[PDB]
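Undergrad: Single-letter residue listing:
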Amino acid sequence: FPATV
Amino acid sequence: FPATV
Amino acid sequence: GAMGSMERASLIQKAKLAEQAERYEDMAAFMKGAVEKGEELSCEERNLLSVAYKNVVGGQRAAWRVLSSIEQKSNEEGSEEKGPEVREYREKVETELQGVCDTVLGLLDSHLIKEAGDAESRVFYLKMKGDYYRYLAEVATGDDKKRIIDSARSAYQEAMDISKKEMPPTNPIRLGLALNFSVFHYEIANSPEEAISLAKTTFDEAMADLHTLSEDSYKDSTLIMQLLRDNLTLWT
Amino acid sequence: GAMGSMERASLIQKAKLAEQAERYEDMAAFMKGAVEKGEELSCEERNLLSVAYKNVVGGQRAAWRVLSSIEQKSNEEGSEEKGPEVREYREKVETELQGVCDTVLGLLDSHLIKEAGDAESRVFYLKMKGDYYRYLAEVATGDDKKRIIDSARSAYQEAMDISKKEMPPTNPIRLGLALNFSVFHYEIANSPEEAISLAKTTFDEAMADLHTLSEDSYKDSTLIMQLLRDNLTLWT
Ligand SMILES: *CC(=O)Nc1ccc(-c2nc3ccccn3c2Nc2c(C)cccc2C)c(F)c1
Ligand SMILES: *CC(=O)Nc1ccc(-c2nc3ccccn3c2Nc2c(C)cccc2C)c(F)c1
Ligand SMILES: [Ca+2]
Ligand SMILES: [Ca+2]
Ligand SMILES: [Ca+2]
Ligand SMILES: [Ca+2]
Ligand SMILES: [Ca+2]
Ligand SMILES: [Ca+2]
Ligand SMILES: [Ca+2]
Ligand SMILES: [Ca+2]
Ligand SMILES: [Cl-]
Ligand SMILES: [Cl-]
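Residue numbers (the entry's author numbering), protein chains in the order written: chain B, 591 to 595; chain B', 591 to 595; chain A, -4 to 231; chain A', -4 to 231. A prime marks a further copy of an entry chain.
Hints listed in this document are in silico derivations from the structure and should not be mistaken for laboratory results.
Cβ coordinates follow ideal geometry from the N, Cα and C atoms, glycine included.
Treat the hints with caution; some may be incorrect.
[As the list claims (entries may be wrong)] Ranges of calculated distance between the beta carbons of each label pair, as one might list FRET restraints: (1) 64(A) x 66(A'): 54 to 62 Å; (2) 109(A') x 2(A): 45 to 53 Å; (3) -4(A) x 139(A'): 28 to 36 Å; (4) 139(A') x 68(A): 16 to 24 Å; (5) 94(A) x 11(A'): 44 to 52 Å; (6) 207(A') x 94(A): 49 to 57 Å; (7) 189(A') x 78(A): 44 to 52 Å; (8) 593(B') x 3(A): 27 to 35 Å; (9) 74(A) x 110(A'): 48 to 56 Å; (10) 75(A) x 207(A'): 52 to 60 Å.
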């Protein structure tokens, strides 16, 4: 999964 | 802490 | 609600304790109570609200993905019939996730966004609105899926418009917003080229502004820039 | 209760799904429902029950320790007065922990222990009884602390007596019981010499019986023996 903040 | 199961 | 009898300051204090103890459901309940006092939130308090719900919904999302994968495998050729239980339990988790998203969106709509006039607070809340509609979109399969997606898009876009006008390109809130909206494009809107373009432009414009920053601000901005780079590497 | 309308087999199936999804509160609720159907539990089902509650109470214990440490620091010389909130929140977590322990002990008393006649099941349940009284003892500070400690001791001792008569010295249940009762002696009963003696004798008697085992049973027994050794190393 891609990075989110 | 010591090991327990 | 249940926190109506507790002082605002005590709710904030206990949210910080709950964070230290990794009790994120408690943390979220305390911060919901704090919001419902009706006063605006400080920067630190907005951060506590976001951390609490991010951790709660994050665990729900991880569980949902596990269950969805089992369910998908159960519907393959040659899979033995095991009855309604996998679907039922996936639905249980899904409903709880949707409930948490609805709670957060409810706090933003009643009345955090409308009283947020400074660019930093308004962008922060609109980013949250986009994120929690995105989480609803991840599990949506029916006739409102398009409208859920458009709600996320609309919130992110308003946040982007404000951030570009009012914040420097290295501002961490602006960077995190762009990171997440880029993921929305890739994973939700079926727009990988838009995702890639946004991540690249965001990275490059931040790079060009780093020279203006203190050591401490530089550290913060470059950390988030690395996340943009990580996604670009995954996608190219 | 809330699970009264769900089939026993469906509750077990969903407990396994909850384990895979790391949803241990759900897992525990499903297994409580399964116990309340009134039938005895198989080996696999007893394991599911224990895993679920071990994980729930384990998280509560970790949180309690964090909060207790903050509270202790607040009562040191030179510490600034911060009001009742730390104590209140520690008490909240403590009460929830005690509730989980009371739930487990209630299932054992109504009616798992009394219907358990085979040595393996009876020992398994009595070990659990000892463990959950031990967790109550960890947070006890009042006039019933001695009685809580004695309840743990009594349950462990009955389990030990049965295990020594009915099980081989390499049996994993026997080994795990001894491991935990040894920790009870060290951490709860203020008897470090008894703790050390029990761990050493258990280890040595298991070592001497390993020759009787298959490759797979050997792996299982030696894993638990290593835990005994680890504690001995910590304590000597
Ligand atoms: C009030 C304010 O400025 N808040 C704020 C909150 C979080 C961050 C933040 N710093 C970092 C560093 C590394 C990774 C993630 N991260 C943050 N998370 C975050 C971001 C970057 C944007 C929006 C929301 C969040 C939670 C800030 F720098 C500043
Ligand atoms: C029915 C039965 O025999 N059940 C059972 C359950 C758990 C274990 C077990 N194996 C291992 C290997 C490594 C570490 C811990 N561990 C176990 N946990 C355990 C033990 C050793 C004793 C009592 C209760 C538990 C949960 C078994 F080998 C067998
Ligand atoms: Ca007040
Ligand atoms: Ca079934
Ligand atoms: Ca649904
Ligand atoms: Ca292209
Ligand atoms: Ca039935
Ligand atoms: Ca206070
Ligand atoms: Ca108490
Ligand atoms: Ca000695
Ligand atoms: Cl269910
Ligand atoms: Cl409290």
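Undergrad: Indicate, hint by hint, whether the structure satisfies it.
TA: Here is how each hint holds up against the structure:
The given range of 54 to 62 Å is broken by residue 64(A) and residue 66(A'), whose C-beta atoms sit roughly 42 Å from each other. Evaluation of the 45 to 53 Å hint for residue 109(A') and residue 2(A) yields a pass: the beta carbon distance comes to about 49 Å. At roughly 34 Å, the beta-carbon separation of residue -4(A) and residue 139(A') lies within the given 28 to 36 Å, and the hint holds. Distance hint for residue 139(A') and residue 68(A): a CB-CB separation of about 51 Å, inconsistent with the stated range 16 to 24 Å.
Taken as a hint, the range 44 to 52 Å is violated for the pair residue 94(A) and residue 11(A'), whose Cβ atoms sit roughly 24 Å apart. Take residue 207(A') and residue 94(A): their Cβ atoms lie about 55 Å apart, and the range 49 to 57 Å holds. Checked against the hint of 44 to 52 Å, the C-beta distance between residue 189(A') and residue 78(A) comes to roughly 51 Å, which is consistent with it. Between residue 593(B') and residue 3(A) the beta carbons are some 43 Å apart, a value that contradicts the proposed interval 27 to 35 Å.
Remark: the range hint 48 to 56 Å for residue 74(A) to residue 110(A') is contradicted by a beta-carbon distance near 37 Å. The hinted range of 52 to 60 Å is not satisfied by residue 75(A) and residue 207(A'), whose Cβ atoms lie roughly 38 Å apart.
Violation of the numbered hints given earlier is confined to hints 1, 4, 5, 8, 9, 10; the remaining hints are satisfied by the structure.
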